[PDB]
Every structure is written in C-alpha cells, then in structure tokens.
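*Asks:* This is what each chain is made of:
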Amino acid sequence: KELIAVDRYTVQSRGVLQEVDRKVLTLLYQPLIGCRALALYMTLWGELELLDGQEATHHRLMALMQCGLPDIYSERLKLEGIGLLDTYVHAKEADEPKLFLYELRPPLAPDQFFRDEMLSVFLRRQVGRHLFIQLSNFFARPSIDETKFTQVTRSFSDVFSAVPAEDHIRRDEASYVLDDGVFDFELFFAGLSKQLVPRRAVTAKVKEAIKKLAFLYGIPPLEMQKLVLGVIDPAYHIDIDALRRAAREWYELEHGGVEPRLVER
Amino acid sequence: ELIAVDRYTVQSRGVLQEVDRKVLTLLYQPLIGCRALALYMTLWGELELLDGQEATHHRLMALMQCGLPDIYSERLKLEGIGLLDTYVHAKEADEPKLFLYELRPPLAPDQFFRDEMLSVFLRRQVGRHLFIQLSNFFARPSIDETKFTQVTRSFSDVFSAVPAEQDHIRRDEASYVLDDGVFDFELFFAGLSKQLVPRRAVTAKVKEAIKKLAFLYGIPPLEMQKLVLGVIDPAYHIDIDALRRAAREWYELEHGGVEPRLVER
Amino acid sequence: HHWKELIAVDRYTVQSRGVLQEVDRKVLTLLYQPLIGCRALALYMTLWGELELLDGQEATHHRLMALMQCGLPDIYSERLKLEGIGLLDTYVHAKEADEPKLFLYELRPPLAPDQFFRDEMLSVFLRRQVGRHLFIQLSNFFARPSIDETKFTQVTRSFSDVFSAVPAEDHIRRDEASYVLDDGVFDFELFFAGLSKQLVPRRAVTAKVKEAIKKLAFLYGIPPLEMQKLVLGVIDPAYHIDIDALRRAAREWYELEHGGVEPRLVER
Amino acid sequence: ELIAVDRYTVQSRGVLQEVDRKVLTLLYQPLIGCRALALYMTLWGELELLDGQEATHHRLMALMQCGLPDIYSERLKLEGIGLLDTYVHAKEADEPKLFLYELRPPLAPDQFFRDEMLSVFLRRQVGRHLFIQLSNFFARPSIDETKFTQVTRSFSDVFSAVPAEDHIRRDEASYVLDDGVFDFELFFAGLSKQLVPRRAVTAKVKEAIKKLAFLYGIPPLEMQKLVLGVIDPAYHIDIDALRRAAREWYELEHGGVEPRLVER
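Residue numbers (the working numbering), protein chains in the order written: chain H, 1 to 265; chain Y, 266 to 530; chain W, 531 to 798; chain R, 799 to 1062.
Treat the hints loosely; a few may be bogus.
List of simulated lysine to any residue pairs, SDA-like, C-alpha gap at most 20 Å [to be verified]:
1. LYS470(Y) to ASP241(H)
2. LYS681(W) to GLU914(R)
3. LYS534(W) to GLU914(R)
4. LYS740(W) to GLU914(R)
Sample of chain W residues lacking proximity to chain R, with all beta carbon distances greater than 10 Å (derived) [unchecked claim]:
5. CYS600
6. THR620
7. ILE666
8. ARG674
9. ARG733
If you're looking for bench data, these hints aren't it; they were derived computationally from the structure. Just so it is clear, CB atoms sit at the ideal spot from N, CA and C, and this is done for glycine as well.
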C-alpha cells in the first residue's frame, strides 16, 4: 500500500555515477546494505540512462530484476537510509496511482566514508579486522612527504594574462591560485577603508572574488572602489552576483563586450 | 630549469574518471590547448604505469614522441590552471633533480561554470553558440520542489545499533541522516547551560556528531553531557575529534570492548 | 597540403559503432602514442568527446579548431595519422553542388593489448621508439598471470545443466562469454540417420550449423524428425544450409505447435 | 559440494568495463536475476581487491551479506549463461577445495541480440515494448553507403619504415597495408617453380608476409627464400618462425639496427 506495482516512477540524478564509486558500492556499502540492495542501485543506475527523464511503471523494475515487488521495496528503503537514494512523491491526483521520483545519490568518496564515525565502525564489524584493513589500504595511496619536498608550482598569473582582442583517496577540487600582487588591497583601501565599510565586512572569499574580476576584466583598484560602493547596500551586503554585473557593465563601457581572451605571457 | 636527465614521480591523491575526461577535453582544452591535454593524459597514464617508481624525463619524451622544451611549456599551463602541482626534492649530492608530479582532477562541471574567470574565457575562445551547447551537455533537469514531497526514510528509520562481543552536474557529498528523536536534546540542554556553556557552542557539525555518537555507542544524554564538558576548548567551542576520542574510550570502559553491530529494524 | 582537400568551412559529423572505454584510453596513451605522437592523441580524444557532444549533428571544422586551439594544417596532418593506423575511418558525402564538403568521421577503438603486441609491425615499431626496458614494462602492465591447466580442472556448468525452456501462456584480451549446450539436448545420431537416407552429406552440417541446430532444438523443443524437415526445407542445391533461414523455419514451427506464446527461461 | 572453508581466487584475461556493466544490468539481469548480477559485481570487485590472492568463502558471505547456499546457486547461473568459468585444484590432502573463479566479460550488444536463445528469452521476459527500447539503447544509426564514400588513408599512404642509429559491437581496428607494397605475383612466380602450393599461404600468412615485407623492406625474391626456409613438410608455414627469419635477415643486412616508424 506504500507501493503498488502499477505506481509510476522516474529516475534522475543531479550527479554522475562513476567507477570509483562502483567499487565503493561493492566493497564498502555492500557489507552494510547487503547484495540485493546493490542490484537495486545498479539497476536504477541503468534505468537512469535507459529513460532520459521518461516515465515508467514498477512492472519494468520487477521485469528488469526478475524479482517480486515486496523485495524491491524493502531494499529501496535500505538505499534511502544509507543515503544513496532520495525518494520524492508527486502531489497525488486524483484517485491514485502514485508518481515517484528516484533521485540517485553517488556514494561517499573513500576518504569521507572512513572518516564517518558510524559507517566505518559498522563496516569493521561486518567484514572483520583483517579484511577491514585490506579495504582501507585499497582505497589509500602513499602520502606526500612535505619534509623532502618544496612546491615550486607556477600560478595562473605567471602563465597567463587577460587581454582584450577584436592516506585515503579523495577528490581534491582543483583551485588555480591567483596570487596577490595582481591586485593591491591597501591601495584599494586608501580612499575607501575610512568609509566605515571595514576590513571586517569584506570576507576572505569576496577578497579572492574581486581579485578575479580584477585580473579578468583589467580593473585598477581605484575603479573597483566605485563598483563595490555602487552595488553595496546600507545593510552592508556584499553580493558576488551584482558585483559581477558591475564589472561586466564596466568592461562594456570601453571594450564593447568583446570579452577578454586567455593568452600566455 | 628542466633537463632530460632529471627524474620524476607521478602521484595523485585522487582518481581520474570519465566525466573528468569529458570535462578536460571540452572545458579545459579550449583554454590550455590540445598539446597540454595530451600531457595531462600522459601523466595520468604514467601514474598507473609507474607504481610509485622513478623515471628519467627521456621516458616522457619517448611516450609522447615530443621534445623536452615543449613538454616544459605545456606542463606550466597544467600547473597554471591547477591541474598539476609540482614539487622538488633538495639537492644532494651533485645532480640530478627529482620532481613530484602531483595530479589533480579537473573541477566538476558545476564548479567550472561557476568560476568567475574560466567560464568567461571559454565563451570567448568557444563562441556563444558552442558555449551554450557545452553548458547544456553538462546540465541535467532541476527538480521541481513545488510539485514534489520528500518521503525518503532516514538511517535511524531502517537501522538500529546493537551490541556484540569479542542544473549543472555536481558532486554530492551524500549524507545519511539521523532523526533527532534518536537523542533527547531538551534534557541535554536544560541540564547544561549552568556551567556557562551555551547553545552557541553546539554547531550543526557538533549537533550532528553528537547524534551519531549517541546512536552508534548507545550514549545517554547525561553521560554525553559529561563528555562534552570534558575536552571543551577554553575558548568556548568544541573539537569533534577529541569528543569522538572520548566516547570511543567511554564505550570501552562502560561495555568492555564489545563493539556495535548494525541491524535491520 | 591540406587545402587541396580540407578547408575550414567544410562540415563533419562524428560517429561510431563502438564504445571507447577506459582500457582503450590507456592503450591509446601508452601504446599508440609513442607511434603516432601526442598531437594525434589529442585529436582522437577530441573526436571521442565530439561523438557525445555533437549528437549526430553537423559542425564546421572551425569548431574543432576552437576546441583544440589549433589550425587546420595540424588537425589535418594528425587526422591522417589516425587514419593510417586504423584509429579513424573517413567518409565524404557525394559532392553537390560544389562546396562545402561533408565529412563522416567514424571513430574506431584501439586494438586489444593482445592484438597489439601480437601484430607483426606495431610491436617492433613500439620497441624501437620506446626502448627495451620500457617495452617490457608496457607488456607486463597489459598482461595477467596465466592459468595452469596441469593443476586446475574445469567444473563449469553448461546452459543446459542450469536451465530449461518451457512454453508460456598473458595479454589482456576480449574473451566474450560463450555459453555452451550439452550435445545431449538434441539427438544427432537419429538426426543424421535421417539426412543420410535423403542423400544429404554429413559434411553439410557444419560446426556453425550444428551449434545452431542445438540452440534451436533446445529453445523450441524441436524433435529430430521435425528438424530434419526444417533443414530439408531451407537447404541449397549446393547442400549449403542458411542458418538465418533455418532460424525462421524454427520460429515458425514453434508458432504452430504452441500457438505463438514464446519460450520461457527457467531454472532446472 | 561447496563449504565456507573452501578457498577461491578471482582471475580474468579480460577487463570488465562501463558498457559491459550496462549489458549485464539491462540484458543479462532479466535472464539470470538480480542476485546473480550482484554476485557478478562482487566477483569483479574481488578481482581487483584480492590481487591474485586466496580467500575463504567467508569473505564472499561477508561482502555480499549473504549465505553460502544462495551464493552457490547464483554462481551456477553465471556459469550457465557464460559469465563465469569455474576451475578446481586437484585435492591434496583432503579438504578444503581450491577454486579458480575466472571472470568472462558479457557478450557485446550485437552478439547478444544476434544470439538465438538470449534474444528470444529476454524478449519474453521484458515484453515486446521494453525489448525495443533495449534494442535501440544499444543501437547507433548506421552509415549510409549510398551517400558516403570512404576517403580513408592506408598505413603505407601515411607511414614508412626506415633503419636508424546497427547494434554496438567491437570493430577491431585493423590498419590497412594496401598491397602494392609487395609484389605477390613475383613472390608466387618462383615459389610455385619450387612446387609449393598456393594453398600454403593462408590469409594469416599472406598478411604476415605483407607486414614483414614492409616492416623490414624485404624484396619479393628474398621473402621467397625466407618462406622456403620455414615451410614444413606438411606445407604449413609458421608465422612466428617466419618473423624470426625476417628479423634475422634484417639484422644481417643492416647490422642489428631495428626499424623506425616515420612520416612518408
């Protein structure tokens, strides 16, 4: 009654499902949710591609996995519980049947999983010490010795210019560094900081924000004082969204919206 | 500088997967060029080919069938745009240098398009039409929260802790959740503040970590109330780790090293 | 001289009947790249990416120039390396009227590492261009320890062992799964007795046909006298048996026998 | 017949890949059932995790969170449908048995649908409507040969040897040596004079000759002796033998220099 074979569903994911997760599904989540749940997750992953947003009835699921509906439901719940599945329901019209949305959520990364208190303990219980060790090493790579090693990596500003023309496995998000001397803040704060819009108001995130449009759009600090002071409210809101448009309109005052080009130095 | 006799290791703290290849080919390549795309792919191949081992730069020269100076030039764009971090080892005795080529995965698509700089450069190099196509490609439909309830079950809903004996494609950190009724917070707080430890010292980071430790280790609020006060930073904050470290020790002395086990409910 | 054939306003499409997978990407980077060079590798990557991005659609080579940040001469030079080495098939649309041309770029997957090393030319080229030490590391990387038959014996079940049909109401290589059926699913002794009486040379039933007969008999429950008929209905004056035609005859026979209900797979 | 303390090892000569997964999920799974899919998946995980190592079946039971009887029966389905080959070690002394689980990748989509039984079973299983979506999913639009003509270039067009100091399938990329690179008439002229049947040169041999001729710059009359050198009394030509003769011949001619691949 919570689920009827004639109820309808669609499978979506606002993220992608890849091969590093496949392994963490089979080797990490498996021990916790059991093997029938793994199949339920793999088939959903399949249905994702097999219907692009198209709608289906649960008979298809039953047919794809050669299983009866009750089993499917019990394992679904497990997938939900452990965070692999968000399940939504459409506003019910009229005299039934239901419409479902299955949002697929990729597993944790290996580092996040072992750093979770419960999941990591629960796992050691189910698999046993020896195996739990082998599993951890499998998802780990040798660490970097920062004693022997100095980072000489060049920055974004050393390689490029903007000119107008006519321990465990984890995903470390790549952040190019925009150095500092590309933009001077004390000079930016010369005719500014006395405004009682103080060093306090501007974040460290907004610091790097403006730093970017400076490089991108070729802004001298004197000019962006007037862009900041233009878009900031009496409430002392610093909004990234508007400040962008200030900078783009600014850039359109002369270069006509050609947009800058990335070039090497 | 960089000479052919110099040595290198290729390492990564992450794994490099299919949407990465598509992001790197369709998003990064228009900025850094193909010649650079080639080097990125080659280093990533080396990662697996040389398992932690050492190599003369003649290898790269041979595998790419390219000359050394070009290799240097393109590597700098990799370093520049944050696809590569390069470290060096200090020199003894007399020559040659040893390099650590650290590979970083690209941004996720949602991130790349949100970078205040990268998205702009791309649209210039690519042209407006192809840019929209690149955006739509890495996009999925957004979920309409107006028509859709979330009926998803929690972790505590489907599992229990029991003792034993001895639009843009993005990366979800997928968090299982624990219903707050798995712990009595009222009692914890109304017996607490008397030490001048506020409800301002409990972050959701702490608030959530309590829930887990409670659930996993079967800790009553009054005992947790004791642990909290134990390692609390004189600064009026809390270190989650130390708190965990306390309960790991607490569970021991109370139950005799007998471990938690995960079960269906 | 690329302008003699390719100009910027010429149009392309990218297609494949294959899917290019991770493994291919390593073979491309480690095996093919030393031979064809780094630039050709990027064009191949770009073409593979284009396969998904353009979805069956047209583009002008301007787009490729923009994606890779290079010019036509280079793209063209490398395109041809991909062609000669087997990585790309190129087709041209029959020209009407005159300008601009329409190219079909048909992507091909690399060889499997076993095929690559077992190739007369590619292996010796690769050794020379990469050196002896690196060559062995590549070979090993693409190899997996063999199976010792002396000490190991095959207990695998066949299809017929595990299933029944009922009416309803060394180098990395690609060894595809070949299920097998026990020759006991069908009585060939009787079957061939029938054919010999009808002057059908035993030679007519090839391994491929015998294999086909087996599957048909098992799937449809066809007795030997009845496959004698089916075979005799589809057989050449040359004594050749067309398996496609036999399959149809079998599919038809089943529709008469059980009334178009189709066979169902079940455990035994 | 299978007990928990029996040992296994997981091995493969292939590498199971992303497409392979979809086929297993959308084409095999309706035949073998979900549980067999998960055992297959698990075995693919173990292949990487135990690097050639040994385990007791306890590990299987623990990873899959399941008992031995089911593991057994689902294993049999994998064997029957062709996804798994099972070997045993001869038993010394007595108990436990050592198994080799050898993983075999799924049929590619074209081979699956072309198969008599699999397509007919899958069809009845999923219903005619879904069977079509499944067909289409594994399909790519064909190449119209009426409107398109191949301009592809061969190996010899692009490269040279020199001495130095529709259903988805696998179309194995076969580079083409357009055979003007070697005069076969000259080769067979004198070879027939030496009374070697033309039947002796199979396709495989002919291919090998062409490739060795181009790679080592071997003239027709020299290939003639080389082949005569390696042909046995049964008129079989061993390619590997012939490769050796051709390499040696190149060494003796150019002084152990090796061939290099270069633009033409």
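*Asks:* Run every hint past the structure and note whether it holds.
*Replies:* We went through each hint and held it up to the structure:
| no. | hint | result |
| --- | --- | --- |
| 1 | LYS470(Y) to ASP241(H) | violated, 28 Å |
| 2 | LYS681(W) to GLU914(R) | violated, 36 Å |
| 3 | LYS534(W) to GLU914(R) | violated, 50 Å |
| 4 | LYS740(W) to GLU914(R) | holds, 13 Å |
| 5 | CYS600 | holds, 18 Å |
| 6 | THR620 | violated, 5 Å |
| 7 | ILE666 | holds, 15 Å |
| 8 | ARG674 | violated, 6 Å |
| 9 | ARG733 | holds, 19 Å |
This entry does not satisfy hints 1, 2, 3, 6 and 8, going by the numbered hints stated previously.
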